[PDB]
Each structure stands twice: as C-alpha cells, then as structure tokens.
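Following this message is one structure expressed as structure tokens.
What follows is part of the complex, with its chains left where they were.
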Amino acid sequence: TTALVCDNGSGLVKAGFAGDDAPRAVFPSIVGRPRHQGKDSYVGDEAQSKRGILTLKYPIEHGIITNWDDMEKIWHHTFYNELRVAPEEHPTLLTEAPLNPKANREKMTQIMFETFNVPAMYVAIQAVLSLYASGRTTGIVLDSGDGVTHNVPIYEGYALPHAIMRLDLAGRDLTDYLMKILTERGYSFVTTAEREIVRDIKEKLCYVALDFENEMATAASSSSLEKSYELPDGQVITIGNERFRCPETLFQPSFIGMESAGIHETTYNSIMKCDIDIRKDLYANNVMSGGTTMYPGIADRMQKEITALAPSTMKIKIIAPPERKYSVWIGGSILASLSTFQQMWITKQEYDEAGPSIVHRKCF
Amino acid sequence: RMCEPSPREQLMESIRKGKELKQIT
C-alpha cells in the first residue's frame, strides 16, 4: 500500500518507500553485459564488480533516458531485487530531469503502465522535489549530480522552463579530473577499484576554497592543507591542493577545457531570466541539492559569488541541507506520503482511457 | 471566505508545513 519512490540519476539510482527518511536502495545506474552477446545481464553493484568481463552501459545521460531497454532492466531490478516488491501492487513516483522531452515523459508512462502494470503513477521534476524537501514552494535549485548540473527557478511549486540552465559538467567530470591530476603526481588509477578510490578521495578529502588564489599559495608555502590518504593496500598517499582544485572546476569550467560559465554565474543568469517581482525570493531561497554540492565550503563560496553579482541591497541566502545527497529522493518520499497527494496520481483507469499523453494534462 | 483552498494549494500548504518521515531500520 506504500507508494514506491525511484529517483533515476545518471550515476546512482535512489529507491525506497514513500514516508521513509531515506532511500532503502542506492546503487549505480548501470547495466552490464558480456562484451559481444547483445547471466545475460547484470545491474548495479554486481555489474560494477564484474567490470573486467562486461560492457557497462548508462541508460541515463545527463539526466535524460537514452536507452529504454536498459532503463527497463534497471527498473525491473529495482522493484524485484532491490525493493523486493511487485510494482503492480504499488503507486510509483518516478523523477525526471528538468527540460525532459514530452516523448520521454510519455515513454516512461507507457512502460510503467503497460510493462510493470503499475496501479498509479506520477513523474516529478528532480529539482522541484529538492525544493519541497527544504519545505518551500518558491526558490531556485542548483542540482549538481553525477551527469548533469541544472539551475531550476521555481515559483509557487512550478519550475520556470524558460529560465532553466543546464551545465554539462558534474561529479563524473570531477572524478575524472582528480584522477588526471593525481595521475600526473606519479600515482596510478585506471582500474575500477582504483577509480573508486579516486571517487572516495573526492568525496572525503575535496573541498571548495573560499578564495581559490589565496588558498593555492597557502599550499605553496605550507603543508597545512595536505591530507594523507590510506589506500586499501595499506600504502598511504598525500593529496595536496588537488583537494580544492578539483571542485573549483564547478566555478571555472575552463579547468577542464570547458568553455562555459561556472555554477555561480549560471545561477545569476537563471534568476535574471525570471520576472523581477520573483527575483528577490529566488535570491533568498537558493537551494543546493545533489552529491556534487556536498563539497565542504561550497555554500559559503556560492554566498560570496552570488553576493558579488546580485544588487548590493539584495538578501542572498544559500540553503545546503546536510542530507542533500538524497534531497531529490526525500522530496519524492514527502510528496507521495501527503494526504493531499492522493488525488494527484495518474490511475491505470485514466491511462487506459486517455493513453500516455495524459502525463502532461495530469501535471497537477 | 471560510473556504478551504484549491486541492493544489492544499498540497503547497502541506509541502510548506513539512512532514516527519520515518527513521530507516
């Protein structure tokens, strides 16, 4: 009777039961298959561990579903193996990326109703769920995950599509970048486990410098910023300025040969695409969500950068929940548990009479 | 008017009110 909540990230799938504090299952959004076959398939952690012999595929690219066969395998796995429930017995809330095409929204709807035979269904924009998680209906969300970074201005519960900004730079790019600078220091990371070590170094030692320039030299004249990382093999290594240099890419994409404005400028740009009367509320409700916004110092650095771009008189406020790795999921969990949401679900009956194009009509 | 708001506004009001979620075990 509990609704299921599934947040399909480019890198990680977060799944669980509506009403729960956190996702019961969090695993890689990967489908693995032996190199030329076309077990015939592996999903998540298992596909990851069997990397050496499989061809891994990510059905979600920059938040958009690009491989429907593989997406269905992930969904099937999520219900049956992770949550261990039959989908036909539960309302299902799925999430989608901002600016998701209408064809993609209908295909998702069709699969859920026709393939998994769900009794009730709903699709929510990820950034909006993060906003709801923070207990707001108006604000601007910065959602930085593994595949994509979006800036989503939301007014009275509805995102403003004309102002949505997408930055195709996220956690995956940061891991690869740390892997490059670490590699040039004389270390070797090329295997799965090694790449996982770099990702672990990133999530544990990395931080956003309040002042990059001043921080850099502080590592030049001292060993004050150097931390030692004990490898799984016992061997210990020293990571220095790569600590703050890797996440800096968010503010200066140029560091990865990327010709794009940083997260601070994109947030301003987005706010500026909104109606004047709403801007003040947006500046005062800048919500951070996603694994990639977990860097210590990011909120303090965004507050400074936005303050510098906004009018002097403007009250800028950054909201960075400690649970933001799962803010999208939590938002869905809250939404699908509300007494008030129970009339919002698309029913099987409704789908049967109007078809998948109902998803757009049903919207709210 | 003593009228309760739109179903969507009731949803927004409840999102702003916030709900306690069950601990994970």
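Chains: A and B, in written order; residue numbering restarts at 1 for each.
Throughout what follows, a contact is a pair of C-beta atoms (placed from the backbone, for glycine too) under 8 Å apart; a residue touches a chain by one contact, two chains touch by 3 or more.
Asks: Would you state the complete complex's composition as copy numbers of each displayed chain label?
Replies: For the whole structure file, chain stoichiometry equals A x2, B x2.
To be clear about the criterion, only the chains that are shown with their structure count from here on.
Asks: Determine the centre-to-centre distance between chain A and chain B, using the mean Cα coordinates as centres, and give it in whole Å.
Replies: Their C-alpha centroids are separated by 25 Å.
Asks: With touch defined as at the start, can you tell me which chain B residues reach chain A in the complex?
Replies: Residues in contact with chain A: 7-8, 10-12, 14-19, 21-24.
Asks: Please give the residue numbers of chain A that touch chain B in the complex, ascending.
Replies: Where chain A meets chain B, its residues are 19-22, 24, 132, 135-137, 156-157, 330, 333-335, 337-341, 343-344, 364.
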